[PDB]
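Single-letter residue listing:
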Amino acid sequence: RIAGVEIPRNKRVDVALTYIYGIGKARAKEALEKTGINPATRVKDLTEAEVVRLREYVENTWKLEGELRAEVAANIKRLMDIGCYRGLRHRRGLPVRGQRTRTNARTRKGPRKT
Amino acid sequence: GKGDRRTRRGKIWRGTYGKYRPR
Amino acid sequence: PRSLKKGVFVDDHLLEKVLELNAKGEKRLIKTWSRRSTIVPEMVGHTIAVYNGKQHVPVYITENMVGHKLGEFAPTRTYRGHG
Amino acid sequence: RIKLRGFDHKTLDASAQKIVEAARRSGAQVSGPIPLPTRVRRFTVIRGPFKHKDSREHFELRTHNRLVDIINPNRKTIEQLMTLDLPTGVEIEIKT
Amino acid sequence: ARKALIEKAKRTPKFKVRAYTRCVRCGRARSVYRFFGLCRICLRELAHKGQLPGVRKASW
Amino acid sequence: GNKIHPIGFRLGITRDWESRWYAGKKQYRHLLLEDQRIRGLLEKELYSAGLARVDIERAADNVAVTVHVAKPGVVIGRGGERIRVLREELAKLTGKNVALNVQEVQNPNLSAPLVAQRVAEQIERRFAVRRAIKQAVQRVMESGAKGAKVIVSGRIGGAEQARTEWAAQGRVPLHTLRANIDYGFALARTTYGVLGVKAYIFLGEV
Amino acid sequence: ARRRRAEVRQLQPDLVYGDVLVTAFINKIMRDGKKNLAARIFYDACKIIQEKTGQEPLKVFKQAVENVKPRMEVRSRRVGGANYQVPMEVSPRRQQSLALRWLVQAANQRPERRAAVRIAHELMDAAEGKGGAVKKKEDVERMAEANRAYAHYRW
Amino acid sequence: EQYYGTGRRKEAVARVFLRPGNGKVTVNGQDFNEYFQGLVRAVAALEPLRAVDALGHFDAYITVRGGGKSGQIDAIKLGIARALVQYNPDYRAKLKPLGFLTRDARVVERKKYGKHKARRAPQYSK
RNA sequence: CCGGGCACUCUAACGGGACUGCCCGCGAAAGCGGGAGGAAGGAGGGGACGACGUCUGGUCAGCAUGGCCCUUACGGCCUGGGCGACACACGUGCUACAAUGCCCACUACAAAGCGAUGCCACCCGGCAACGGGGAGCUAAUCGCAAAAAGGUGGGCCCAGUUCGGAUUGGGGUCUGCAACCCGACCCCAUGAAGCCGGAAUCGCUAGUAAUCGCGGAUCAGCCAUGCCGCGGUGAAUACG
Ligand SMILES: [Zn+2]
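Chains as they are written, first to last, in PDB author numbering: chain m, 3 to 116; chain u, 2 to 24; chain s, 2 to 84; chain j, 5 to 100; chain n, 2 to 61; chain c, 2 to 207; chain g, 2 to 156; chain i, 2 to 127.
These aren't lab readings, by the way, just hints derived from the structure by calculation. We treat Cβ as the ideally placed atom computed from N, Cα and C, and that holds for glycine. Some hints could be false.
Unchecked claim - Calculated pairs, BS3-like style, for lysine-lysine (alpha carbon to alpha carbon, straight line, at most 30 Å):
| id | chain 1 | residue 1 | chain 2 | residue 2 |
| --- | --- | --- | --- | --- |
| 1 | i | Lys70 | n | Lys58 |
| 2 | g | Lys29 | i | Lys112 |
| 3 | i | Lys116 | i | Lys11 |
Claimed, not checked - Over the 10 Å line for every Cβ pair with chain c, so calculated as not near, a few chain j residues:
| id | residue |
| --- | --- |
| 4 | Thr42 |
| 5 | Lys57 |
| 6 | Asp58 |
Produce the entire structure from the sequences given, and follow the hints as far as they go.
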């Protein structure tokens with residue numbers, strides 16, 4: 003379908019685009035504009051010339067699914083290499099952005115270990 | 002929800018302005 | 002982050018020392034109390050014992066640490082787990 | 005046009021009523037004593053020096069406002085104007 | 002270690018940001034009112050003291 | 002521990018502020034500061050004379066000062082030396098025109114501070130605390146007071162264990178707002194610590 | 002509630018039907034003081050029942066309430082090592098509120114997505130003597146009547 | 002001719018004016034339904050004019066300030082009750098029994114210190 | 001908007017007004033129930049107000065204070081780091097888990113405070129944060145400032161969702177001397193758990209709960225979901 007995945011036909015293209023990893027409401031709200039595509043049309047409600055327009059466009063606008071995940075892990079990979087404090091947090095798998103490490107770090111630490 | 006910066010309501014509860022809460 | 006409208010803050014005396022050893026070539030391992038500065042591309046190839054609160058921790062400056070603060074690579078806290 | 009600001013209303017009204025007669029003594033217009041809304045500034049605080057955050061105590065500074073204006077300055081009053089009796093809990097503003 | 006500290010708060014520092022406000026009366030640092038310069042306690046003492054012009058128990 | 006200060010409880014109801022002077026945000030904090038130190042400078046400089054009240058009003062660029070005391074002659078000095086001695090020395094501190102005034106304590110057995118002070122100096126001189134209280138409270142009520150109470154807390158009589166002694170007489174309705182009730186506090190410190198002294202003098206429910 | 006009996010609040014009769022009881026049912030609908038929201042949701046279901054079985058909705062309403070107004074219920078009583086549930090009568094004050102609370106809850110559980118229809122189906126089946134709210138009233142008094150042996154323990 | 006009342010209900014002020022006519026309602030230069038569109042409760046403001054039935058008798062020019070529309074509505078119920086008895090004090094009968102002539106003493110209670118709300122004490126665990 | 005008026009509201013001072021005042025009945029009375037008027041009725045509501053004392057409660061880290069204790073140091077300065085760690089455990093909060101909802105756009109309606117190196121109108125640039133300009137305001141008049149929920153229309157259509165925003169990558173704005181530990185905010189992307197929660201347990205009886213938003217204190221900044229207030233809507237229930 004599109005760059006990495008398929009959009010849900012019964013859903014409008016707006017949320018469908020955002021289903022692409024590497025695309026939120028913003029780029030979803032924009033690529034339809036640069037491709038002049040009506041967002042209200044469901045994914046099943048999409049013509050080929052529209053999609054190929056949008057497909058080639060968005061696929062040529064931003065790295066979305068795989069290439070994006072490359073740099074993401076890459077950015078954290080390169081962090082872990084230099085040994086920055088941030089890299090320390092990742093290599094420790096602890097809250098990287100100054101969160102209160104003592105409590106409420108389950109999102110970074112997962113299950114509890116009492 | 003109210004904790005979403007991207008939501009206008011979030012910036013409302015945040016009491017700020019961004020792309021999604023004009024002034 | 003520091004506003005790019007504002008200059009890239011770097012502790013001048015430490016920065017100046019780096020520019021000094023540049024003329025004098027890579028040498029004179031620099032102890033620094035100046036955790037807060039950002040590494041400058043000149044600083045690459047140098048080394049610094051960055052002060053950690055009690056100690057000056059030696060850090061070799063590579064290009065992978067140019068756009069960062071000095072103190073980042075000096076972990077001010079020592080953690081080892083529990084038990 | 006004259007403002008009056010104090011912490012008492014009586015001293016204001018004492019001051020204001022006195023001044024209101026003053027220009028009334030020898031001139032006009034003596035714009036009536038107009039009570040501006042009293043800017044209050046609350047101050048809350050814990051009663052205890054140490055903790056027990058709960059038990060509080062409220063304080064306030066009702067800077068009571070009053071005002072009068074002079075339509076015709078009536079310089080015979082103007083000397084009377086500058087010849088003023090200002091109690092220690094009152095401040096005054098000038099206009100017309 | 003307070004007097005020099007409350008004295009140090011008096012002198013001016015190498016950077017304006019270090020300039021903080023202590024109680025003029027008890028030198029306290031926390032709960033210090035810019036409008037008075039007194040701690041929350043010195044205020045309450047002087048409040049009941051009646052030396053605070055206008056100030057009084059605000060009980061609406 | 003739990004009761005309210007009687008004076009602040011009655012400001013603007015029956016009792017009046019001790020330093021009446023309007024100020025703005027810009028100058029309230031500064032003019033307050035010298036106002037505080039003026040209370041201290043006159044305090045030591047008039048405690049021997051029996052200071053009662055220090056009313057500090059602020060006219061334009063001159064502090065309307067009023068000191069209530071039982072020893073005006075002790076305040077003024079040798080036919081008015083000390084007054085000038087302080088009226089100048091005061092203005093040296095405040096920097097502005099220190100307008101100093103003295104006011105006697107008519108019936109000093111009703112000045113809750115002075116009644117507190119006098120009890121202090123007695124207990125400052127090892128006198129019988131329990132006795133001095135009653136003798137204190139007595140002439141107070143004997144001086145026409147419509148109700149009087151005195152309390153003292155601390156290491157009563159040098160005992161290593163603290164205690165709160167107190168004697169009262171006549172109606173002392175602390176809750177009555179319109180009950181004119183002069184409060185008097187006396188900090189009486191000993192060789193073995195400090196003793197608190199509080200003077201409650203009900204005069205009239207005006 | 003030791004000294005007096007804390008007499009009820011005299012509700013304001015509604016604008017549409019002039020009823021307080023309608024106003025009562027609104028309050029059980031109302032959430033977060035959002036009476037404007039809840040008001041429509043009733044008045045919408047007014048239209049709805051006025052469409053499906055077009056009659057007086059209020060005629061549908063009270064008829065619905067009568068089919069769910071309970072009259073006997075249990076009450077817990079741990080006398081001895083056994084907690085009793087004595088069959089008890091119900092005051093009309095509490096008959097409605099219980100019935101009112103019952104219908105709204107069942108209306109909180111129908112599948113239709115908008116509440117106005119859930120209320121719509123609910124009041125209909127309610128006046129039809131059908132639905133869990135009616136079952137709620139059925140189960141209680143049955144449960145109540147099922148334990149009539151504890152009747153004389155009623156206090 | 003002109004007839005006046007005042008509306009006060011929980012921080013809502015209502016200036017009501019009764020000029021005889023067909024029952025016009027201008028609320029801040031707006032239609033009643035205009036300024037109260039989508040407001041379920043905002044129909045009973047004329048019910049005092051339905052207590053005494055000069056509905057199509059007096060044209061209602063009214064302004065309101067402060068508080069929500071609902072509070073604005075109650076003040077309207079107050080102001081309508083005023084000029085009526087001012088118009089006809091006999092209207093007090095069939096209003097006092099209807100309670101329109103009494104102001105709602107209810108007001109948002111002061112929020113206490115320690116209490117989250119006027120009575121909302123924080124959940125404590127012993 | 002103006003002249004024009006103070007009508008009205010409001011502003012802020014003084015008063016009146018509710019006192020079981022009045023009628024019925026009960027009661028020895030006290031009082032009590034009913035009613036009248038009345039805006040308010042029986043403590044009109046809410047505050048401030050905390051008796052003897054109790055807890056050898058808390059505080060020597062606000063302060064003061066006896067005493068003991070150090071004087072090239074336990075004193076003072078600077079620099080930095082810590083107070084922010086973090087397998088864990090508890091308290092108190094916020095956001096939610098959705099359609100009585102969520103998102104978008106337009107349209108309303110407050111109160112209360114704050115503001116001269118501060119509110120900053122308004123304008124421009126900028127996706128925005130914000131930056132460049134820039135008037136008024138020196139305070140009922142200038143601004144903060146939009147109240148928000150609400151109402152209209154649109155979308156979503158039960159979906160881990162257009163729910164959820166946690167985390168994280170990156171790019172920025174501002175303050176600050178300096179935002180690594182350790183700030184906030186904007187933008188992009190990421191889109192965690194979470195489907196109403198065991199044992200248990202909390203608050204609330206009216207404009208209360210609940211919900212929505214607004215201001216101030218500290219403060220340059222803000223780690224504020226806190227605190228103190230302010231207002232919008234606005235309940236159910238009380239047999240006992
Ligand atoms: Zn202080």
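Hints and how they fare:
1. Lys70(i) with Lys58(n): 35 Å, violated
2. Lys29(g) with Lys112(i): Given that 30 Å is the threshold and the Cα spacing comes to 27 Å, the pair holds.
3. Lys116(i) with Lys11(i): Holds, at about 22 Å.
4. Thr42: 13 Å, holds
5. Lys57: 17 Å, holds
6. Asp58: 14 Å, holds
Checked against the numbered hints given earlier, this structure breaks only hint 1.
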